[PDB]
Amino acid sequence: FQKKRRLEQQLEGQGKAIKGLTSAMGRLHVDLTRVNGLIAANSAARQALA
Amino acid sequence: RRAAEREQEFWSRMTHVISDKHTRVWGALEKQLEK
Amino acid sequence: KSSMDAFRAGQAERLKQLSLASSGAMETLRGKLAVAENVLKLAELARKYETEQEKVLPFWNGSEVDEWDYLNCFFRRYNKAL
Amino acid sequence: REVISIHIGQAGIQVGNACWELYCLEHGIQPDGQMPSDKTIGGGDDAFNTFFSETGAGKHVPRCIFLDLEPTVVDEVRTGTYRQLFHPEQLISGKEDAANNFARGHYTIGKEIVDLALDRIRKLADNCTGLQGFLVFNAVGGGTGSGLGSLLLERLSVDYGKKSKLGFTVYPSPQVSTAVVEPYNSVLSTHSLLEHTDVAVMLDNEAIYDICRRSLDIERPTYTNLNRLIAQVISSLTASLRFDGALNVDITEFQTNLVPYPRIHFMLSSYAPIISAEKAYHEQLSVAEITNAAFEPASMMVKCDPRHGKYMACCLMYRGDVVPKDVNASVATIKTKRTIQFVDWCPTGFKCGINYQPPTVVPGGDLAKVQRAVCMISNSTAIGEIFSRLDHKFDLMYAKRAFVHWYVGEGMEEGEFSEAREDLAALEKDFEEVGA
Amino acid sequence: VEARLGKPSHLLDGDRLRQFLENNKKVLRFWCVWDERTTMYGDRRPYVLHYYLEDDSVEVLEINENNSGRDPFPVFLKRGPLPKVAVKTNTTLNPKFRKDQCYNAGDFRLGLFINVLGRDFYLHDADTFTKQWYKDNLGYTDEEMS
Amino acid sequence: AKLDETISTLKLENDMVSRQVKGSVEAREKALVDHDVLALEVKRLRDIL
Amino acid sequence: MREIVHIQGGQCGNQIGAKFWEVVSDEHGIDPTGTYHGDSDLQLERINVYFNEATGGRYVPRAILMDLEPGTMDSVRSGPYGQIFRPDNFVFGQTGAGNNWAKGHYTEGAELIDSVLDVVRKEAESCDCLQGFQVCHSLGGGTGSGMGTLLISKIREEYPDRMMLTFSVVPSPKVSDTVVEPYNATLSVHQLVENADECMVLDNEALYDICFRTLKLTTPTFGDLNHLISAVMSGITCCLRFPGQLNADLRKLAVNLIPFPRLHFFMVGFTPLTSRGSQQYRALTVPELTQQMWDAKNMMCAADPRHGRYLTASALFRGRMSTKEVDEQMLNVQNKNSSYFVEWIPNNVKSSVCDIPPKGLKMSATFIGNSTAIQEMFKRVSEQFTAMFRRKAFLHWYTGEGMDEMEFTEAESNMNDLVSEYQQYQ
Amino acid sequence: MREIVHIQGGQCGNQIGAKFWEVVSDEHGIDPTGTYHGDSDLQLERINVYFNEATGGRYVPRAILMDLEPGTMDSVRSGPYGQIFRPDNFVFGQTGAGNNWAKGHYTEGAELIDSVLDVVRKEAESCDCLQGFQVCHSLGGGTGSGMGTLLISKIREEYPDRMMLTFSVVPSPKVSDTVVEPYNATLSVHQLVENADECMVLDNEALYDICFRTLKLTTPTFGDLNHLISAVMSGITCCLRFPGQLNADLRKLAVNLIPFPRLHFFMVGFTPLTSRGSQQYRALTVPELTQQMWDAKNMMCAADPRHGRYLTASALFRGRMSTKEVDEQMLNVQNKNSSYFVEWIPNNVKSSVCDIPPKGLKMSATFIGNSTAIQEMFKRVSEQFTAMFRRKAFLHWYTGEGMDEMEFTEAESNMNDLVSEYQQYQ
Amino acid sequence: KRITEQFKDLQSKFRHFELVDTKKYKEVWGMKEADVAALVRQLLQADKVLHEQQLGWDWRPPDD
Ligand SMILES: Nc1nc2c(ncn2[C@@H]2O[C@H](COP(=O)(O)OP(=O)(O)OP(=O)(O)O)[C@@H](O)[C@H]2O)c(=O)[nH]1
Ligand SMILES: Nc1nc2c(ncn2[C@@H]2O[C@H](COP(=O)(O)OP(=O)(O)O)[C@@H](O)[C@H]2O)c(=O)[nH]1
Ligand SMILES: Nc1nc2c(ncn2[C@@H]2O[C@H](COP(=O)(O)OP(=O)(O)O)[C@@H](O)[C@H]2O)c(=O)[nH]1
Ligand SMILES: [Mg+2]
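Protein chains in written order, with the authors' numbering: chain E, 554 to 603; chain W, 615 to 649; chain C, 314 to 374, 449 to 469; chain V, 2 to 437; chain Y, 246 to 391; chain U, 537 to 585; chain F, 1 to 426; chain P, 1 to 426; chain L, 350 to 413.
No lab work stands behind these hints, which were simulated from the structure alone.
Don't be surprised by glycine CBs; every beta carbon is placed ideally from N, CA and C.
Careful, some of the hints might be misleading.
[What the hints assert, rightly or not] BS3-like mimics (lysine-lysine), calculated; alpha carbons at most 27 Å apart, straight line:
| # | chain 1 | residue 1 | chain 2 | residue 2 |
| --- | --- | --- | --- | --- |
| 1 | V | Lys164 | F | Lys297 |
| 2 | V | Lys394 | V | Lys336 |
| 3 | W | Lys649 | P | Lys379 |
| 4 | E | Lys572 | F | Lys297 |
[As the list claims (entries may be wrong)] Here are some chain C residues pointing at chain L (derived, C-beta under 10 Å):
| # | residue |
| --- | --- |
| 5 | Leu346 |
| 6 | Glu350 |
| 7 | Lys361 |
| 8 | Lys467 |
Just chain E, same shape as in the assembly:
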């Protein structure tokens, strides 16, 4: 029983780690999109100002 409880608690710990990692994945994707949009905007601004 002690081994089983230890292994199970390891299990939900790893699960919550994975879930937090997935949340980070989504946040990084959103950052990617917004940053690329700003890249395009600043490139156009550079051409116009030059």
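Guided by the hints, dock chains W, C, V, Y, U, F, P and L with the ligands onto chain E, whose structure is given.
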């Protein structure tokens, strides 16, 4: 080999830059300042 | 093809192990930082009720530092308050 | 798309007696050989082609032969309630018993009747046009089913060869038993069953007794209930050919998805939902729970613990209103479940089929009418555990040369006893090797 | 939401099991004739039509005559509810046909015309079981069932 | 007899949880690598900015 | 004029093709009797592409049923719009594949391939201007994978100058229906890289979760499942069958979509997709269509495109729209998410428009993508192959008719080559 | 052009928003089937601030309901006008916050905010010009406080330059429905003092008193209170949807009301609020409305202005009146109640007029005051917090879920310094 | 012939993956060592203030 051991000392440095003495101090000071 | 597969597997394994070790070390340092910032804020918290007397002089009216007498100034301030 | 069924021995003939009444109830055939003039339940004409062949003006006959040396059971069938159903030439009755002797059933009286049996089967197959396979029904624990069954299997194999052979074989229980020479008869039959029959479906007696005690809540069951539920399993297996569904198989997908190795073919059977009429209307029946029920060790038809073994491949037939979704979901859940473990030979070991026909219940039966059902046929190593258990008692009884005088008087010798012993031992060796 | 969290699909719709229990094995059979001699090839042909009282579904079977010019095909139309009406189809989702849209057991009157997917069948005979069921339930007289 | 049956079931449950935790380990490693690659992409994009 | 000849191989292929012919016949306006009842003349002028008028306007589809199952024959005949196909075209064997690629490609094929080829040659010379071949079939079966592949090899030998669309469903372990899927796949995909001109790869789990969240269906049977596939297949010939402001045939699609001869593995999707209960609440516009189509959850493959980069992509629009907004939206979905494209090919996206939306809607679109993410699925099935081959399991059934181990190892070699080159170009 | 996204949190916020949407839909004259049936054409030129046209006259609100129980959704759809909301916007939990701020901000947030944020992102991208967000919630419940604060923090983070109107109803000891109201309110305001841009502070006690004294209803239900709040929360934004002789939008109101970047808690009130018995016996002129507007009993909060001073006060008049008359009325109020107004700010009153009054009435007024008396409620709740927190009562339910002890001390530090800042400028 | 170019194409493919994989591992390591350097700088900053304000009387940087 060489790169592996280099990374090992790098990690040891970057994780023991601060002393366990200072960690215990931080905990004790936190308790004392709470009271 | 065997050489190619062995090389790629070795590169993947080295990347994986570096990522795991670095993540563990970074978690340890983040845990170290979490306690520190709590100490800084709670010190800021108790200072609200302090009088400006001890705000200006919280201590009094050349070797290294030992770990037993390490909190004498804080104990002096605590005794003043008590 | 027809198959041919042969029944040998008391157990085989009784199981077939159940199977054929179940079939005629499914297809709406009256027990006197023809379908009625007004009541028309037939879901599709020619749907009986697999089992019944119409003869001229409204008289269907089965694609089956019953044969046994004992005349008692055969004449009981002749004088029973299904008199006109069978063709009076399929019923082969001998004169005197095999009397629990493999040598007697295979050598002395064996030679006399096998030629007539194979001659009748030849005419049956010639009348048939799309013959798919053979369905043999026997118990190896007796004399007739072991000897005559093995001899007929060997001769049919050397005659036809390529066609698949499904042998639904009843084996002795670890505790329940009715004869004494059953270890001898079983190993002697197995020595040839292993290398002739394509797929051997395991069946026990004590396991089914416990099943009908636990689910149907009958405390004192008989052979009739056992044969009825075996017939239900066979009907569920052949429904893929008999009826139409959204995802179906035939007799060849079994031998293709279920036999990874030429000498590893021993199938565990299971069926759900076994529920009585009292609890049928109160309990909730759907794919998730029927699939879960079809996997607990107390719900398989042979006494052997699947937990000790690791599955090779599982084939799941669904009958009735079943959609691909809930079966796929149940499959995902049963795969992620840990109490059962798969071996690494086959990462994808599920073969699913769906058919639109709901199960039928015979009038006066102990099973209530339900919307759907599932039947499972699986591979494991608990079968090898069973073989080791049987071989232990075989060698222990043989060490004292008990009962060998009957065999040597019939005309056989200890050589094939030694050969069967070493063959079975090699078989457990093969299972324990593949289990790695 | 219940389907999201896990719920029996048949219990989602409900009101299914009473009808199956009440009429598990009740089928109405009709002998239809399809007249299409106005088209270029082929002639008028008889078929049979099964109406399953378990699900109110229709299945049209084709009867083959010996030495005919037609490929033997046991079934002519799959067992399903017959639309009985035209519905504006969608390329993504096939129409879901409800009971008031589909045919009912009381629709067949032994002398009318059924618009089965454009085909105009004329049913002209029915089994004695079907006649007895009609007289018992729909209060039909003997003359109508003739 | 009861102790033996419970013990056998309990070993089986231990094996179940063990390999489930192993699968969780592998999933965590894959998530870590994907996080690293997206982070690299983010740094390239902010460099362009 | 331009003719697409359509073959249905295997149970899955036949059942998908039945729905495809249903959809196309409904679009072109004929009732299941086989007579024309359409309203506008736009349906008649291009009716020759798929149908042939015999006598009395009794249009007959140019389709070729190929299997070993009289049961599937009865199913096709029983399904609505099932009697239109030709009894002459009902070419079927009697034995049964029994889920074996070796049986489907060597033993029974050796006798039935002659009949299937001379029939297909019959319609090939019946039509005036042959445009291409399309074959709908599975990949894990015996009579769908092996027999279809052998037919593909023979047709490629016969007509080396024709486009080939193969609509093939590829398995997944999560939704597994049989045991020898890795073997059947490896063989069929080993042959299709040389033989097939391009392949629209599909799977069952992607369609499942699409009807889960997009369509919000409760009980998604195969009748619901194959409908999206049929819609995509009908959409891919919108330019051929209907007028537009930018025409694009199969060859035009392929040239803009295939930079190297062995990269012709396309993943497909359809828009708009929405549930019935929220139709009235949702707007219809090109930006919304583009945002729906470029999402991973609208794709019909179990390959997350964010794990790779698109080599190239194409859009087939339908309905009265604005070319300027179409081009601007393609530019936006190429510029904002630029990291998910390839840098040495400018203008990764090719767009085209047609003048006729499908019936029951007002504006539609089909997305086709040659993206590198499919190497994940190929790696998955290659691992399935290796695990079973590592002690030759289920292999005596294959070797029992003439198979050897050389072709088995060559198939794995070629799969390694495909996945290696995808990872190379990432 | 300018756009306000709407979000409803918790049971209280959900019901308040449900009534508010009915009110605004009736004001714009749309049928509860989503179609247009009104008469004054001026309604539909500025419905894009709140509505999206779906298909031929069908309009959908730009709102998102969010909570963790199905009962609220069932009630709002069962109620009238409940058929106008888009089903895709119904982000919805399953387990319930259990009146627990830790559940609302750390347990179910981590699993549901990712879902609720993408939909609001899509809704914000749907419009061109973002003006702000409108979050309706309470400060005593679990999901009303924790989920609301977490969502507003995320929204502030991802749109750093947009306005936020948070209608927060606060607990009062005399009207208490739960036991941990201070534990929830302090933690929620701890985040509202940084993230939100303007918090309309409300409580049920003042609403009951208004319904009893001036309205003289016998048994008022929650519906009447929600309808009473709807008047002010709709009149605040009439300047966007209708023309006026002196317009003032959200940012203009904010920059005038807020002198320092922390003092953004405003009390609100509406005029007239007259019993139907006395409707005929009173005159409706701007001088008459000023008395009921500045009456301490008319404020929507249990905070007496006479125990403090006003910093700024804004007057949103609706109807056609005299700008000179409005200005002189406000001047007279400021001169007479000179001690009640702060000294170092001349002209503590901002005024603006919109030409379209609410239907039925030809004249109306809305008052928004940022007085320094509002610290009374914060003292009121902070004393309760300290009383419960000295003994650590009920503290396990929060400590065993993810926060620690010092968070509550931090929240009290912020509360105490906020009331200190009010007292400083008083 | 076909397997001849596949042999050399494999050589070109092998050359390509050598360059891409080696540079990718270097870049991520440089990134994360810079990040850990920033974090340890922050920690050293945190250590200094606690000593200097509360009870230090002295503070001393390490070598590197
Ligand atoms: N399940 C089931 N088992 C049966 C039935 N009838 C017989 N058996 C079993 O079959 C086993 C062997 O059959 P036998 O009783 O020896 O009859 P036999 O196989 O014809 O052999 P002989 O006695 O030589 O004729 C018996 O031990 C029974 O347990 C039956 O109806 N149902
Ligand atoms: N989408 C779809 N897939 C199907 C259908 N029928 C069968 N399949 C798929 O076909 C795969 C197996 O193909 P198989 O039946 O062996 O083809 P066969 O060679 O004709 O027997 C399974 O994984 C099923 O998912 C169908 O109607 N629709
Ligand atoms: N105005 C109004 N206030 C309400 C209503 N229902 C509850 N409240 C207030 O909301 C507080 C409880 O908050 P609650 O909705 O339970 O928070 P939640 O459980 O986290 O959603 C109580 O103090 C009530 O005064 C309502 O219908 N109208
Ligand atoms: Mg006997």
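Hints, one by one, checked against the model:
no., hint, verdict
1, V:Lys164 <-> F:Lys297, "violated (47 Å)"
2, V:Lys394 <-> V:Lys336, "violated (37 Å)"
3, W:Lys649 <-> P:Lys379, "holds (25 Å)"
4, E:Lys572 <-> F:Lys297, "holds (20 Å)"
5, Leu346, "holds (6 Å)"
6, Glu350, "holds (7 Å)"
7, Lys361, "violated (16 Å)"
8, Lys467, "violated (15 Å)"
The structure fails hints 1, 2, 7 and 8 (numbered hints given earlier, in ascending order).
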